[PDB]
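**Q** Residue strings, one per chain:
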Amino acid sequence: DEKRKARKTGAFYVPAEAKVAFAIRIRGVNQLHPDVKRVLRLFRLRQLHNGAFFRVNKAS
Amino acid sequence: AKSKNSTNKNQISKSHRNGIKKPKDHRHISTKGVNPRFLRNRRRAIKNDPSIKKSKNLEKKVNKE
Amino acid sequence: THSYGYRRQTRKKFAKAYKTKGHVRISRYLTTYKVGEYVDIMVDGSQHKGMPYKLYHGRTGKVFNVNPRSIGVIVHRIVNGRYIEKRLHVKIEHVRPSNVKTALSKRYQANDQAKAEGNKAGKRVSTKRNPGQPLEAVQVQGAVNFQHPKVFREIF
Amino acid sequence: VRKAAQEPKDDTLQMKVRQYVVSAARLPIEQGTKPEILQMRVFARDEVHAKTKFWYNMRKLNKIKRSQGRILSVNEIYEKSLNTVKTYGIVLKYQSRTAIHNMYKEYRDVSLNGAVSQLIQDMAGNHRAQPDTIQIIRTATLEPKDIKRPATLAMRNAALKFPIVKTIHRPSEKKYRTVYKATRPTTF
RNA sequence: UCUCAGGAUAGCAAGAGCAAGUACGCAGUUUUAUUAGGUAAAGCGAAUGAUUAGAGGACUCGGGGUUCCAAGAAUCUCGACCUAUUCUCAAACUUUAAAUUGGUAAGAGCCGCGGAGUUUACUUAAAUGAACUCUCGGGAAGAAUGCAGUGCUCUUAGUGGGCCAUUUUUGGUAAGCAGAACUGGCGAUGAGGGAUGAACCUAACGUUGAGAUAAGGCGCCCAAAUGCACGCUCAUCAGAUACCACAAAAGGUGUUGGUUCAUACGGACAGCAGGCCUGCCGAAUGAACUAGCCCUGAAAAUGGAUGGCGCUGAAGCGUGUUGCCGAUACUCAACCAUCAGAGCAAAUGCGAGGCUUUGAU
Ligand SMILES: [Mg+2]
Ligand SMILES: [Mg+2]
Ligand SMILES: [Mg+2]
Ligand SMILES: [Mg+2]
Ligand SMILES: [Mg+2]
Ligand SMILES: [Mg+2]
Ligand SMILES: [Mg+2]
Ligand SMILES: [Mg+2]
Ligand SMILES: [Mg+2]
Ligand SMILES: [Mg+2]
Ligand SMILES: [Mg+2]
Ligand SMILES: [Mg+2]
Ligand SMILES: [Mg+2]
Ligand SMILES: [Mg+2]
Ligand SMILES: [Mg+2]
Ligand SMILES: [Mg+2]
Ligand SMILES: [Mg+2]
Ligand SMILES: [Mg+2]
Ligand SMILES: [Mg+2]
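Protein chains in written order, with the deposited numbering: chain BV, 61 to 120; chain AT, 2 to 66; chain BP, 2 to 157; chain AX, 2 to 189.
It cannot be assumed that every hint is accurate.
[What the hints assert, rightly or not] Here are the computed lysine-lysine pairs in the PhoX-like style, where the Cα-Cα straight-line distance is at most 25 Å:
id, chain 1, residue 1, chain 2, residue 2
1, AX, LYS66, AX, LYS52
2, BP, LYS20, AT, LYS23
3, BP, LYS63, BP, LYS92
4, BV, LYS118, BP, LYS129
5, BV, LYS97, AT, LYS10
6, AT, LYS22, BV, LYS97
7, AT, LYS33, BP, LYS63
8, BV, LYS79, AX, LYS87
[Said to hold, decoys possible] Okay, the calculated bits of chain AX under chain BP, using three or more residues with CB under 8 Å as the criterion:
id, region
9, 37–47
10, 59–68
11, 80–91
12, 115–129
Hint data in this document are derived by calculation from the structure and do not stem from the laboratory. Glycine included, C-beta positions come from ideal geometry on N, C-alpha and C.
Please build the complete structure, drawing on both the sequences and the hints.
**A** Structure representation (C-alpha cells):
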C-alpha cells in the first residue's frame, strides 16, 4: 500500500533495507590468500556449498 | 657454483604458522630503565608505610624507628 | 642493501617538514608526562640526541619510566613470528602525547553519567556503540532529474 | 530463468533484455526536503544488472558513487501493443579494439525489447561488440517520415511476396525423427 | 663458520607433559577511535637539475656589424637582466599527494585536579608534586563476527642446491637467461577439464550405491542437441579461441555495418547524344572515413597434424535461448578407521590399554 500511495503521488517509497543476508560458498579450498581464508572462516563457510546467515553491517 | 642469494618467500607463512606469540601482560613489571633516584624513593616509602604488610623482624626494625 | 647504519634510508622520514626549519617548538618542552600515559613517538631532525631508530618513528608506546630529559617508553617489535618488548628512552624532543586514551576517558565519563541518571529512572542505558546500520524505510517527494547517456566526443 | 511477462512463449526467439527505469537520490536523505532524484532508463537482463548499468552511467555522468546514494526504485517498462510491427531507431556507443563509436541502428520488430535484443545479436555478429560495452543513448519508435535505413524501408509494401524457394526438411516432433528414410524429400 | 656439494644456529616438524584453558579471552577479519607514511599520480608561469619557441622592456650589462658625419649621435646584430609567456622531462628532483598498508586502543587491573597514609640528599617557596596503600562517588558489561587451532614446558627427527604461476619488478637486444617483492602452487599430489604434457582451469583422495554439478563439453572417434533462434564469412594458402606454439609495418573497387559531408522528376550519377549547357533514358547517385569477417604482405629441410575424421542451410567467426553429458568436489545413505560428545556399581548379560552410543573427519 505504501508503494501505492507513492505511485499515485509520483513520489516513491523505499522499503527498509534488508537486515539479514545469506551466503553460499562458490569456490574450492585450495590456493587462497590467508586473509580471504579467515574471512570465510568468520562467515562460517568452511567448505563448498555452505550456506549461512549473517547480519548486514559495515562490519559484516 | 651458483645460488639463490636472499629469498624471503616461505618465511612469512612459516611465521604465521603457529600464530604470532604475544607476551603476557603482567601487573607488576621489571624495573629496567627506571632511574635509581625514583627507585630509592620507592624502597624508602615502602619500608616506612604501615599499610603495607612487611615481614615480622622487618616490622620490628620499622617500629623501632 | 649494502649498508646498515643507524640512519640508513632516513632521508625523507627525518627531513623537517616544509617550512619547519629551525622551529624550536616550546610546547614539547612544556608537555607533562606520567608513568602510565600513552605516548606517540615522532622524530625531529634538528635534535640529534636521544634519537630513536627510524623503525620506531610514528609508533605508539606506553610510558614506563620518566627521566629528567627523557621519557622511557615501551613498544613491541614483531620478530620471526613473535613479539619482542623493547624499552625505548626518548629525549623529550621526539615525543608527543597520544590522543588514544584522551578520547577514551572523555567518552567514558560522559557515558557513565548517562547510565547513572538512567539508573535513577529505572531505564537501563547501554553505552555499546552500533556500527552503520541498514537504512530505514523512507518516503521521497522530489524533483526528477532525468539523465541520458552522452554521445562520445573527442576533445583535442 | 526468470521471464519478463512481455517475452514470447518460446524463450528461444528473443533475448532476455527488459527495459528498466531506475531512480535514486543523494544519500544524505534530508527529510522534508524536495530531493534531486536521478532517474535513468537502462536495458538489462536483471534488476541487479539494471542497477549496475544505472550506476556505471551515473558515475560517468555525475559526481555520484554508490556509497554516496540510495536506490529509490527499479520499475520495468512494457511495450503498448504487441499486435503491430514498428520500426525502431536506436542510438549506440560501443567499444571496438581501436576506439569508441556512436552508431544509429533500425529494426522492424513488435517490441522495443525485441529491437534491443536484435540490436545486440547484430552488434555481436557484424561488429564483434561486447554487450557490457554497449551503451544505448536514445531509443525512438519511428514515424514513417523518419525511417532512414534501406533494409528497413525495404519492407514497406503490401505487394510483398516471398516464394519459399527451399524447404529444409524438419520433422514435426522428435517422435518422427529418422536418420535414414526410404525415399527422398522435395523442396516445394 | 678456509665458509659455496659440509657444519652448527634459529624457523618449520613430532611426541610426552604443565596450567584455573582470567573468555571482561583470543583473531593473517572487519568496525570504531586516535595516528603514522612520501611511494603511484601529479607538479616544474614552486625549490633542485635539465630544456625548446617567439615578443616586449622607461631603466640595463658588454660585443659586432650599419650609417652618417663625424668618435659622437642616430642605427642594424648578439647574447646576459627583468617584462608577460611557451615546448618536453627526472630512480639517485619536489611543493601537492592517493589506493593497498603500519602503530596504539575499544572499561572492573574503568573514570573523577574528593579523602586519609607512606617516603632517613626523591620534587617543590610551598601537604607543593610524584609513586604506591586503605578509603569516597559514578560505572548492564560498554562494536560486528567467529572459536571442532588456550597458553606454556621438556626431548628430539628432517631441512639448510629449490622450482613455477598472477601481479610488481632490475641487468640484459633477448632467452625455456640472471636477479628480487606479496600470495599461491610445484616439489611432497592424485581425480576431471586444456588431445598431449610438474606448477593453468575445476577442484584435494578412507571402501561403496544414488542424485545433482564445477571446469569443460553435446556431428563421429566420445557421455550429451547434427537443438531452437540471431548477426557476419567462400579462401587455386578459409576458419576453428585463455596459459599454448608466435606474426608486424603495409595493402584490396571481396562482402557487411557504421561516421561525416553531398545529388536528384526546378531530372542527378553513367552512357550515348548534341550544340558550359542541352535532349534521350529513368529512381536514386557522389565523396572522404571508420571497423568486422575474407584476400595479399607470409621462405626450410623424413610424411603430417583446429588431437584425428571431416565440416560451407557449418561441424567456421561474435552472440541469443533452452535443455542434457560430465570429477575422487557437493547431497544422501551403508561399511572402516581417526578425533571429539554422552552413559555405564551397594553393580554385573561377561575383558577399564573395556562396554554402549553420538557428531565431525
Ligand atoms: Mg611462529
Ligand atoms: Mg615527513
Ligand atoms: Mg650430490
Ligand atoms: Mg635444529
Ligand atoms: Mg601432542
Ligand atoms: Mg564475546
Ligand atoms: Mg592485513
Ligand atoms: Mg597523514
Ligand atoms: Mg588486477
Ligand atoms: Mg628465474
Ligand atoms: Mg597477488
Ligand atoms: Mg592466487
Ligand atoms: Mg627433493
Ligand atoms: Mg594439484
Ligand atoms: Mg557416482
Ligand atoms: Mg543445423
Ligand atoms: Mg587438416
Ligand atoms: Mg589451421
Ligand atoms: Mg579440440
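**Q** A separate judgement is required for each hint: does it hold in the structure or not?
**A** Structure-based check of all given hints:
With a CA separation close to 12 Å, the supplied pair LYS66 of chain AX and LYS52 of chain AX stays within the 25 Å bound. This hinted pair does not check out: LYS20 of chain BP and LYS23 of chain AT have alpha carbons roughly 41 Å apart, beyond 25 Å. Note on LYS63 of chain BP and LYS92 of chain BP: the hinted pairing holds, with a Cα-Cα distance of about 15 Å set against a maximum of 25 Å. A C-alpha spacing of about 16 Å is found between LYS118 of chain BV and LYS129 of chain BP, which places the hinted pair at or below 25 Å, so the restraint holds.
Taken as a hint, the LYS97 of chain BV and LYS10 of chain AT pair is honoured in the structure, with Cα atoms around 19 Å apart against an allowance of 25 Å. For the suggested pair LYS22 of chain AT and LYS97 of chain BV, the alpha carbons sit about 20 Å apart, so the restraint of at most 25 Å is met. Proximity of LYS33 of chain AT to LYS63 of chain BP is assessed by CA-CA distance (about 15 Å); at most 25 Å being required, the pair is judged to hold. Of the pairs offered as hints, the one joining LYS79 of chain BV and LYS87 of chain AX is violated, with about 45 Å between alpha carbons and a cut-off of 25 Å exceeded.
Judged by the Cβ-Cβ criterion of 8 Å, the region 37–47 of chain AX is covered by chain BP as claimed, because 6 of its residues qualify and three suffice. Interface restraint, the region 59–68 of chain AX with chain BP: holds (4 residues with C-beta to C-beta distance below 8 Å; minimum three). Chain BP is given as covering the region 80–91 of chain AX, and this is violated because 0 residues of the stretch bring a CB closer than 8 Å to a CB of that chain, at least three being needed. Three residues within the 8 Å Cβ limit are the bar, and the region 115–129 of chain AX against chain BP gives 0, so the coverage statement is violated.
When held up to the earlier numbered hints, the structure conflicts with 2, 8, 11 and 12 and fits the remainder.
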